[PDB]
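Residues per chain, in single letters:
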Amino acid sequence: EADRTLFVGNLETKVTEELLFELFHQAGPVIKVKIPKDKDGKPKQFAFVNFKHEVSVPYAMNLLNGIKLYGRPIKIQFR
Amino acid sequence: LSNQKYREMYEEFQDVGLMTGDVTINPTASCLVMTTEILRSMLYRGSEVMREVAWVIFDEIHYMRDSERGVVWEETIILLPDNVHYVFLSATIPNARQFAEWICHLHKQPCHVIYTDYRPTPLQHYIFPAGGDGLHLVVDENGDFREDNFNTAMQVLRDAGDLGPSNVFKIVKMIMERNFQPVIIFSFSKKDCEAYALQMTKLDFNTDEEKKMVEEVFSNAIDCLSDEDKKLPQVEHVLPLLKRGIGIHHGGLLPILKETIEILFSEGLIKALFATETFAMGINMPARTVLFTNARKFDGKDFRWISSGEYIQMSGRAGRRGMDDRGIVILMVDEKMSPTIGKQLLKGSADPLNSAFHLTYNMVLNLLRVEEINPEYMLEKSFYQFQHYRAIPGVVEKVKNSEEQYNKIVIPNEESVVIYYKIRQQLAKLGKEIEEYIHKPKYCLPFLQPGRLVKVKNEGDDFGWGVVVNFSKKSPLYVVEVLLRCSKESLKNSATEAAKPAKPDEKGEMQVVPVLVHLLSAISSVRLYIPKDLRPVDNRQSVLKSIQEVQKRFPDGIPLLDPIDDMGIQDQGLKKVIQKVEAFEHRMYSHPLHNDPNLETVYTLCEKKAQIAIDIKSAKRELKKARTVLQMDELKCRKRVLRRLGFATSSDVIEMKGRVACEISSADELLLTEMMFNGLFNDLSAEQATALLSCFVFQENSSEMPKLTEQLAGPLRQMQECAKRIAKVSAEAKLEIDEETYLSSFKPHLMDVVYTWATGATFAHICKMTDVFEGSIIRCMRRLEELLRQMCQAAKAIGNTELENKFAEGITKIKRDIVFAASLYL
Amino acid sequence: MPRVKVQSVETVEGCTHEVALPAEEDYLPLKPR
Amino acid sequence: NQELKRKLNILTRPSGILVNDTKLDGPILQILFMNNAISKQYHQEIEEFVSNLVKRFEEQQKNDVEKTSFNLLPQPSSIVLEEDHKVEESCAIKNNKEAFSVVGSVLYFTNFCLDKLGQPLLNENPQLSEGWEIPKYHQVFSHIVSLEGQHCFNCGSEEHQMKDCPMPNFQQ
Amino acid sequence: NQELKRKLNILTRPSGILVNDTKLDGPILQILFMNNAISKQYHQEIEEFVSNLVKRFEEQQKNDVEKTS
RNA sequence: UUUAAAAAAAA
Ligand SMILES: [Zn+2]
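Chains A, B, C, D and E are the protein sequences, given in the same order. The first sequence runs 7 to 85 under the entry's author numbering. The second sequence runs 194 to 356, 370 to 681, 692 to 1042 under the entry's author numbering. The third sequence runs 96 to 128 under the entry's author numbering. The fourth sequence runs 67 to 216, 228 to 245, 269 to 272 under the entry's author numbering. The fifth sequence runs 67 to 135 under the entry's author numbering.
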């Protein structure tokens, strides 16, 4: 579970889980995505994405990082 | 099964009826297909349709041992007139002759027995060990068990234990690639079947044409349901599986899905069916291969290994007629499988047919009602006294043979030998008392160090001296681990066996055995030097060498701890036991016969003579016991309970209350009748009454315990009070009943679900209102409907029209589209 | 006490056809259809 | 009784020892050197080892360990050294009784120690006791001879839930 | 008297031991562990030390020394 | 920019 997960940060306001799911479906099978919302009413600037296969987590990092969505790149990290 | 058989017969003769609780088709026919319970009802109420019958064809008569539903068979056989003739189909069983003798003795006519083990197509049994890499042909078509392959498979299992994501996926993929495609996977759990079916959602056994045909058939089958029902997840999400050629069949599913999957499999459109044991009893649904995932099932009591009977019954579903010339059965064995268990399972024969007769208030009440007959008749002839009567000659011969053998032996001077023997036995008993004193955990535990030398001797078998290693408070029993010589037979199948001493001729393995504390015959005092790492099999032999050296140093036995001073036991009881044993020892030594020689053989012969004497005593005791009807006391207690509640008159004539109680047979009678006569139902609206009755007819191990708000709690607690009264009265009549269990039998888990369903909620809503499988909800709903019909009948019997109207409305509300969906086999 | 007798009818190999009948009666062969 | 007292000359501690702080004061091992080559030859090594034991305990306790809370009371088979009354005490009699208690007696041969009095343990648990050291074994059977067989399960301790864990199945 | 017999029980070697070569085959010591922290704590160390003594003597004696009067 | 084991069935 944890190994196949992938943490994300620097997501713009309009970035919804649907956009991330669509983007990462191409990278690999996207199990699901999390955008926890703190005591602010909107999801935090970070998120989590779960891939079916661990092989996606490297390849996705090898493929996507700092992608300019909504005029802001997106950073990708691990646990 | 009745529906399927009716379809077959109708396609054969067309002069066929059907009479089950759910439906009745063409009742005025000549060939009626009806479940046993309907037949029992007709017998008890004496319908004219029964008059014209000439043949009765019981099917799956071996089902008579169903514990709970077994009785409903014997009654039907007993109450049938003697002019009829039976045809008892069954599965292979050893004690068929006993059943035939019972029929002869009961109806006084010849009864034949045609026993045959012949099968059309041979079977090959393979075993797949957990962690292995192949299938080992344990049993060949010829029936000759192959010992070498079985040993190799179990050796692989052991090596894996002491060392395609899932095994089932590998097995099924291999089956597909070896052209064994039509496969039935018997897993003894609904969740296991679900999981294994889901895991295989990456293969495809169906050609495109098969996909089109399956889609069309499924749509045609489901078109009967309403549009909202078609939207249910259960119907929609099975369609992909059937499209790709994978099916699931277990009691949890919806009935209509079960029937559709049965049709598809029978027509060959499904090539891998994950099913529980129920599908085994299906009719005309064979397959080329059968796969057992787990050889463990939970029966009514608790987990257990599947008996050889069940294994034979399920494996019989392997190998079609003619199309395939070989049948394959694959058994997957996990770590907790001993070679002895596997051998018994593969080589054992079918279980014997033993009755399950047990009284029910319905039987007692019905027999009391009718005249010129009483329950004693049923008890006398109910294939349970018959087995004991058949057994009596055996015990008679046994006691006679033991008596003649006992008198055969010759003792020259029995008085002196007997006195000496009794003195010796008293000494042994006093020694046992002393040992029971030593093993108090507050006295011997300080002495069980990891080197201590203790002899452990479970009655009958003695392991010899062994070195203690560890002890612990298991959970207050104390488990002491010693290091004994094991037999290399109980050491290889240790997964289930306990332990066994090394046979005298051979050499053991010197393994660690967890014995109980009170099995230490003697706690010697010579603490060896323990290697401190007893894993390698070389140190555990240096320990044996050390023990032998210590024994060779003490030529006359190793010293033992003195219970009094060495262990510091102070309580006077030990003192008195010591005095008694001292006195008995002196009286023994003084005996004139002690010094004489050759008294050892005389002592042994006297001991065996006493053994034979006690064996005769027990055998004749039980022979005397068995010469009386068994459940007679139970019948008296039941009659006491019935009369004390007003059902049965003091002269044993059914009172109006008992007459009413006769009708209700699908649930408890005393509770329902008492509540009906206490006016409990005369205020509740139809919904609460239906919900409560649902609480009556539900029995499933679920711990959801949903909260009942207002209209479902008060009635539930009133029912609880009435049940408590019944339990107390029954207990007062010397009737074995655990009040807590009786009050806990009525599980109200579905009360709210059934209430909401009666209110008019859609099925999808209620299916999401709880956790039980939808199939269980449907089953309980059907059972509740039939109970409500019986309740309407009882209300009519008492002439209380209000209850009739209330229960009629309850029937109307809960009888609609999906739950009571007519089976497609009709 | 039951009074029955189990006469083992001879048969072609494959099945063990045997008939249990009351002791007071005497076994007789089955007439052909 | 007088003859027994005469024979128990070795097991006779003098009466009058001003024993205070019984936990650390009071005697330590009493060794009865026996008439054989090993003992006669290594008497001095034995005495030096006992002195080293005392020194090691003092060093390791007065500096590192600061609990010394639990106590192993003598087992029921523990004798008390028989004092010879050459003087009268007042209140330390009970303290002397507690301090001069024999807990464990061992007669060492070459290949097996003939033992009696056993060893004390805390609430019947070798793991929590002081002088107990269990060997290492496999325990292959797991089926008692005369009986039926045997909160954050990840940790293995049934005291806390995994939700608040400080030391970190087909429902579908 | 019972108490004194109990106490003297410690000084009682069992009758029956087959002792030949009295110089080596026989007791090495007899340690009476007392009720204080040190003896309770270093029980295993003491036993290991005695075993080491036996081992060292066996080595040195059976290997090198010849007279050892 | 890191929210336990559980089958089967009916008047
Ligand atoms: Zn934890």
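Bear in mind the hints are in silico, worked out from the structure with no lab data behind them. Cβ atoms here follow ideal geometry from the backbone N, Cα and C, with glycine treated the same way. Check the hints yourself; a few may be wrong.
[Claimed, not checked] Which stretches of chain B does chain D cover? Using the computed rule of at least three CB atoms under 8 Å from a CB of chain D, they are: (1) 540 to 553; (2) 601 to 609; (3) 742 to 750.
[Unchecked claim] Examples of chain B residues toward chain D, derived with CB under 8 Å: (4) 434; (5) 652; (6) 679; (7) 766; (8) 780.
[Unchecked claim] Computed far set for chain E versus chain B, every beta-carbon distance over 10 Å: (9) 72; (10) 88; (11) 89; (12) 107; (13) 119; (14) 125; (15) 128.
* To do: Output the numbers, in ascending order, of every earlier hint that fails for this structure.
  => As far as the earlier hints go, 1, 2, 4, 8, 9 are violated by this structure, in ascending order.
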